[PDB]
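Novice: Fit chains B, C and D to the known structure of chain A by using the hints.
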Amino acid sequence: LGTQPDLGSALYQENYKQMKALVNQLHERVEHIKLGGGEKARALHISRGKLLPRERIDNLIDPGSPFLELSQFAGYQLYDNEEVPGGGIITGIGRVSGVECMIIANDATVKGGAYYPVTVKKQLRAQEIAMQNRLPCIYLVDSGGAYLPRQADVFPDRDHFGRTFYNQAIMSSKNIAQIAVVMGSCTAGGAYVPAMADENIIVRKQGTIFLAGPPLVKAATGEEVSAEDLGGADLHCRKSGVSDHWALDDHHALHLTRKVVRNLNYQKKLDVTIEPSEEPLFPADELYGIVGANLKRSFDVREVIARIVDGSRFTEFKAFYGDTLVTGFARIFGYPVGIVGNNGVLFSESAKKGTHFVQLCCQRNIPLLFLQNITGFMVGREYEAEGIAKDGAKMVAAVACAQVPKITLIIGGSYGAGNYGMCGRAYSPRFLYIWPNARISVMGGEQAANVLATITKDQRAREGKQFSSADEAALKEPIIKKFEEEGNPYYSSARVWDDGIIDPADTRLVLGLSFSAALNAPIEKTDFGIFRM
Amino acid sequence: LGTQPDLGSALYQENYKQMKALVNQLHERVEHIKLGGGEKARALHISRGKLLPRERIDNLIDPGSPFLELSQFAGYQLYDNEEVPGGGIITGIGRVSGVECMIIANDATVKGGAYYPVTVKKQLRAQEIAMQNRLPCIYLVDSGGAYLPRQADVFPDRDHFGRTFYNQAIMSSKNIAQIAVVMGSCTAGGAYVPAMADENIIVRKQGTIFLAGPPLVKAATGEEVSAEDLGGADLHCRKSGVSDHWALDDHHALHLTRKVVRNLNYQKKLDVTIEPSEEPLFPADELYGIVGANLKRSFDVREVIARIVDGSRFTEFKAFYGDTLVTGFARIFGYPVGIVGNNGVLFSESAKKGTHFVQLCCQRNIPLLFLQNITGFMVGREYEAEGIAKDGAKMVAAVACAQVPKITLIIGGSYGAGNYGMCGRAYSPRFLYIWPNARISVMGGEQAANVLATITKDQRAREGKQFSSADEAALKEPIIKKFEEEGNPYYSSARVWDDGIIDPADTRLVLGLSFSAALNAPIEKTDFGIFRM
Amino acid sequence: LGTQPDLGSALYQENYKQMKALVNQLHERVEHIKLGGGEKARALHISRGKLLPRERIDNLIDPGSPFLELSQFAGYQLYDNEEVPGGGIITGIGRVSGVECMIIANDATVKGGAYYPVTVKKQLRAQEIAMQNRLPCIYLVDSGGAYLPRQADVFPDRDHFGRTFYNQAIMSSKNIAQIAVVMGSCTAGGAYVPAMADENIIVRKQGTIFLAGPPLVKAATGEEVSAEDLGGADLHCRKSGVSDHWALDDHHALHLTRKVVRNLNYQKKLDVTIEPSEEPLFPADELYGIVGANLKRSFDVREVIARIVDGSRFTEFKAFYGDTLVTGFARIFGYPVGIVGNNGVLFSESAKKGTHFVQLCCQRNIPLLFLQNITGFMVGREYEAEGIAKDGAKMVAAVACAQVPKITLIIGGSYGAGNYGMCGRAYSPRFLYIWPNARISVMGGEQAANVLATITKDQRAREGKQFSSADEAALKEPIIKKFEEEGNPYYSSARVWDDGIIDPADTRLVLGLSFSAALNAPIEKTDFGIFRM
Amino acid sequence: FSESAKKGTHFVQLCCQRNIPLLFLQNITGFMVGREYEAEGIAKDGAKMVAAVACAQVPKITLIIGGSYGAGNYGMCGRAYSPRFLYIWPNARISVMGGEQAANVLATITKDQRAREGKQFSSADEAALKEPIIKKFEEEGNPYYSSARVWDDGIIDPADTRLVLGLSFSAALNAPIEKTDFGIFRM
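Protein chains in written order, with UniProt numbering: chain A, 31 to 563; chain B, 31 to 563; chain C, 31 to 563; chain D, 377 to 563.
Relax, there's no trap hidden among the hints.
Computed spacing ranges between beta-carbons, pair by pair: (1) D/476 to C/495: 55 to 65 Å; (2) B/518 to A/496: 45 to 55 Å; (3) D/501 to C/406: 58 to 68 Å; (4) B/55 to A/107: 33 to 43 Å; (5) B/258 to A/354: 25 to 35 Å; (6) B/41 to D/492: 52 to 62 Å; (7) D/476 to C/512: 41 to 51 Å; (8) B/110 to A/518: 17 to 27 Å.
Keep in mind the hints are simulated off the structure, nothing from the lab. Just so you know, even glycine gets a beta-carbon here, dropped at the ideal spot from N, CA and C.
In isolation and in its complexed conformation, chain A is listed as follows:
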């Protein structure tokens, strides 16, 4: 696949310039998030002899191994006047002692490690990823408890803080190792994390565990006790028995953690056939010029495929039928993959073609990759008479029931029911990533504006009043602004709707790491519902 783009063309020059600016904007914002709470907080953190949260991860994972961080932008401008870099927690997948593990570390420099509502959601998302892929969970615990001013959004509900311990208990029952490293204070619910873990490590003086903190003890019983005496490594290690390993400092604890993982008696086994890896035949950075930042212009999704698959080799399925959808077989880093990507408006033929393809991949146990660039479904009286809804529902049912690993990448718009058919967040893809130029909402901003314009114009006629052109613009403008703001990738990523915003040049690497992690779990047989013929 693939063709050489016209580098001299004005369109390519403009598209490259716009996409490059977005990538540069993404990079510098991450740099700021990298600093966490700030210089004063970081200086205080180091002054206590503790490692910085990201330095802990660097020392924990194997030397030189890549680290796949998730939801870097959680909490970005989420709260009106509070800055919460990364949500106060760092989550990602890295290799420890040759085993892929999920690492969940509290960032004590951010609000003292307090749990904001987004912090709980980010952790719960990480646990969901670990369970679905059978990845051992390592908790670098340094937390300050729940954020009381927003308790109603943290404590009570099913997907609130309580679910964290539920996930730990369930994974333990499935032999998915749960390892907790107490490198700081943990209070109230925090003390449960080391207690609920299969194996536990606590640092000599930094680590403190207690159901009730000293402040509560004094209020309840009028006794003054230091945190170390109430908790501490020595009390739990030698008297309470809550501690399984005793560590001198942060470096020692991380060394102990690597030893614990090495004793898991786990070896990775692959269910899929493997072939030698090959680089794509075209540079990845050309995606800047090809795609650009203007969603109104259209590009051939095959060009994107040609620059991420091994050797740019692609076997297209039903090429001339339902051409607005592209489906075919390829390989990424040696793994077999079935790719489904939008190339226009969805039609009845496209939905049928997709439904047929998904059955093929499920039968052969082939992982599925979705490339969402949607603009809606075909609109027309004839199409509805022919059951476009019936056809669109066919793809949704098939995608939902598929048990092969599924990864979704939003390289463009994601609107309406087209999102569901292309394995949206609601359909439990193993991972979901978005490019910096993506837009997501119930419908496109323009459609909502135009729909309101028609509705109001007709309503004015019914009342007999007149809606002028200036009246039309006044109505449209606030709607377009709202959808542009709420469909922005940062808005979507600040809340945990996706697992991160990724540079297009990094698409192949991210997919390779993600599929490799997803293969830690055996692929199950797919059971389908009734196909409404």
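Specialist: Frame of chain A; chains B, C and D shown alone:
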């Protein structure tokens, strides 16, 4: 069990009066919610020949059969200036053709059936209940689409509107029948519900199904077409083929639905031993005097048990060990149940006793019932030294892994980690009910006030400034008000944190209906994690 | 089946007289064993307020229900100068709360409840029966620990005392309830029994539980403490937590035990077809005249069958082939049973016929009943040339692999490999019973005498010395005496080689109770080895 | 102790979860004896280890490098708990209790009994009672006595321990490791 209370005692007289007022308040508010959109909206609905949503359910279920409605108070004062009685949707469990089914009906009189964020959550909770208990789902579809002003909280995320179709596909693959009755208009995503169902019924003229509504068709292609022509029963029944059954009116559609359920070829089989039912030996209304509305006063939970179990017969387990927790075996409507109830503060012995009991019930496949009236965990230096956290975590791990049906009833306070240990919402109990006097939050309102008072008092001393008694009161007052508002049952029930607020006199009936429904699914073997001894 | 015997015949008169004497001898000996330790020990036992061991069982089981005691003669003359009636323990199967349970009660009147080597073996056999038939185990614990003078035969080996706790843990993991009722002192290993049980009941003052007794505590630490303070119901019930229920006296403890069994949530299910029961057409007491006590005389096994099966109905299989063996289908108390019984010396045809029949019963999941009256295998040069050993092995291989319930009843001789072929003790029949006239040994007493006579006579000739007829008698006499003493039913039953000596008139009742208990466990599919054709 | 039993019970669950073979090195001297320990359920704690060890389905090999007495034998995978192999060093001793404990226990019992009868049990009387008991436990606790009967799979030179364990574990791995199902943990 049970003793005759002192009706003449002032405490009983006061407690009865206070609880009676709460029940009267609950009843009259439900009466207002019963009216839906209002007289003008109700009159318009009937003028179109359509049955009112609650009349539809009455004609659907078997004559005289009880109907267990869920989350009646969803959306109660949830939105600042918009009244959304019941969330715009009615959900509950009833008997159709001798089969227990989950019924999900849109309330077209409420905002024209539009989907508010709470409406999506209520529907997803109903689908979760049906899936866990293998209850066939019946959708009485009459909807106006998503509520655009709040699209960001409806469309995108995993637990947003898209999840509705995912649940239908999964339930269908497991042979949990999905039946859709299109009794009105369904547009955009709504059109998918009839398409995703195993069997579908549409009314002659009220029912309309189309992926794109007439307003979008005109904007996209500049064509004017009526909703009936674009959708309509005739188009889908005869040409599109989306409709499986064609109904003349609402009564005919409901009659056809009962026939469809009768052809499911399903017969209920019980996995548990059964004994003849017996009424409790004490009146249920005495619970008013015994419990009251003051959470600071304490009562013996055995009194509550004596008035809901068959014959007031109860075999207590480990009665004299960890006496702050009550565990034992009983029978409700002939079903075997293990009851865990709070009778004070949780201790290490209580948690150990509870963990032992849960293993017994799981081994014998006995359903579990939790009665939460908590006031926290024991606070003390010695208790932490003896691993109270290690003990509390033991109960949490056992409760999470238990695979027997679990029902939780909050008859009092629900604070902190005590909520988790007693099968809170985060631990997936089949049902969760609360009495009108309940309170739930991360911690008691007073504790948060006292904790802040101590923190500010010490902080002022460190700064050298003085915090006066009037200063203490000024700080405490706003916190106590906040926790009172957010811990109120109506606050907890307006959002879907529980499945309903129930009159204490109705406790036995509600539990009997819930356990009967939960027994439709076979009980699986329980796999536990590592017990940190 | 069956014919009316000639009551006037001298043979019948002699046989009835001899068999009647054996039954009378059996009855009176059991009467003595019924008294346990004796009047002085019994008076002391009652003086402490404790119930007698057999009165406890009477109060435990359902009113009027039959009780199937096992190994009544264990320890009968086993030890030179010590009388240990019943081995110091009473075991049997009875109905508690409508559930068939295995009851294991220590007899404190016998040697203060010490564990003799036979006591451990009898208990282990009882546990083995419960595990194979999935019968809940009830331990009425009143014991004095191991008998030190014989510790080498109690403590160390796999089938020694330690195996008792291993059986409890394994049965618990399979959901076979273990219930311990501490109605007295339990020390050292005994204290583990209540600890290993799923649910435990201890009497207020009689019950004492302690790993180390007061005598060891004083020696180790020089402290004087009473048994009640060291153990006792109050300490364990309220402080140690070892006790799950607290009982005022023996009657209360037994009442509580019945409640515990009723909460097991167990219902018996039958895998076999059932038909209405019918009494045999001939009196059972006629078996006395038919069989007698002289093993040299032969009788028709069909006469025995005619007097134990429902309606004396029997469908013989391969009647005219291998006539020395009788096999056919019958019903006992409505249960289907395949019967295999000896009718003479085993031949090649008989073994082949038996092997064919066993496969038929295993295929249809029909219980097997073996009636052993053997006299050896056919001896001849031709028979060996035709592979009689190859044929005899076939039956042994088939019988061992059969997974249907098997019950063995020795109504006569049991010698050599014929014992193995007819489901001897080594082949794990669910139960094994012997009539009072039976004899079991490696070979018949006469054969051993004659073999030695031939060997010695030839050896004398080789040496040239002469072995006279008087020399022959001197050699034979001690051998015949030895085989008579060690082949006696009381010798076999004193050690636990069988589950009891039963009156022939009680054969039908014992078989009915045994087969009924054996049906509590589901029948598994049978996997056979290679049939050496 | 109570802590030791809890620690052992936790460890056995970890090995069973990960399907890791278990090796037991028995050198026991008994359980802690005290009024407080019984009040805290030492028996309840000791039973926990016994229940876990019995249900474990991973291969188990036991090596007695010293004393093996009383319920401590059961807790450390004695012969009754079906270890795949059981070996003993030439210096080992196994019996229901230590020879001295049986002697001292009888000395205390007889001394009290003599006082109840009013008769006197002298120091020479104490020695006469103790001596036969100590001799009996020495002969029946000897490794050769234990190995003459099949209570163990052999007496091995301590220098050969690594080789014997390597051969034994290698053979035990011919069968697939099954999942472990536990009973109720009396917490």
